[PDB]
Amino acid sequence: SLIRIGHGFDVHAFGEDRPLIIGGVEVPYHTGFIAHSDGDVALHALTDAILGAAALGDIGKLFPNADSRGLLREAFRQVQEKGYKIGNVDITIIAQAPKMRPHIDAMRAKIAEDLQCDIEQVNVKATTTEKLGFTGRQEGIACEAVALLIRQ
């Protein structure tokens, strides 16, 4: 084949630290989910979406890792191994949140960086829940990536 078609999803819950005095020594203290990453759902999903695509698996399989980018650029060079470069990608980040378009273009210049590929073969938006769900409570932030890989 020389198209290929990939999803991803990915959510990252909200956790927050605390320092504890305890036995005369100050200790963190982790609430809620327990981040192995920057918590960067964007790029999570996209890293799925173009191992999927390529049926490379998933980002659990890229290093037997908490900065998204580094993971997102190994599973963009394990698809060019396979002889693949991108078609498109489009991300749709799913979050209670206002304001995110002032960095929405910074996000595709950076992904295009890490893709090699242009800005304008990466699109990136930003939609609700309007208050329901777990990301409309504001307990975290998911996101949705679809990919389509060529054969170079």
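Residue numbers count along the first chain shown, from 1. If you superpose the two forms and keep the largest set of C-alpha atoms that fall within 1.5 Å, you have the rigid core. Compared with the form deposited in another entry:
Put simply, after the core is superposed between these two forms, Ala35 is the one residue in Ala35, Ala55, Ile119, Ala106 with a Cα shift of at least 2 angstroms. With the core held fixed between these two forms, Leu20 has its Cα displaced by at least 2 Å.
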Given for the second form:
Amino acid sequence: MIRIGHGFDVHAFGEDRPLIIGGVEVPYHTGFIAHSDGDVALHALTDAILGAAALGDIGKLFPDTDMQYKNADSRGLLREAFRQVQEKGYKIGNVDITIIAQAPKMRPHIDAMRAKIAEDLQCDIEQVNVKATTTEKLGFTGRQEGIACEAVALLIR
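Moving from the form deposited in one PDB entry, what structure would you give for the form deposited in another entry?
Coming up is the bare chain, nothing alongside it.
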């Protein structure tokens, strides 16, 4: 039995002061803290993996309620989702990732990303590819307003 999975993330370059309306802290969305990192690369790959295993997404495993005081570093979330993944008897068949950013050149930091993702998934550098494209100056990634990332992963077990 094999599992196909897909994840997708977007995050703007700007920072936002937290929303307080009426004296109350109000989150902008469901898995807000889970995504605070802004690591589009590890979140997409996370929901990809989660999605194959058929477990929802970052927002169902890390609601802002449980994520309230727990550590929200994306790498750690990756790992925790891989725990639940393996928990259903699954090894990272293979994983492919596309970062979509116009500018911040990433070629330099790419093999280092694979390295880490490999460990977090307990597979090896070879079943983990990571690339980067630009939307050729178009769209919001192109106008340099944010950065995106798509991810696919195949699961074996």
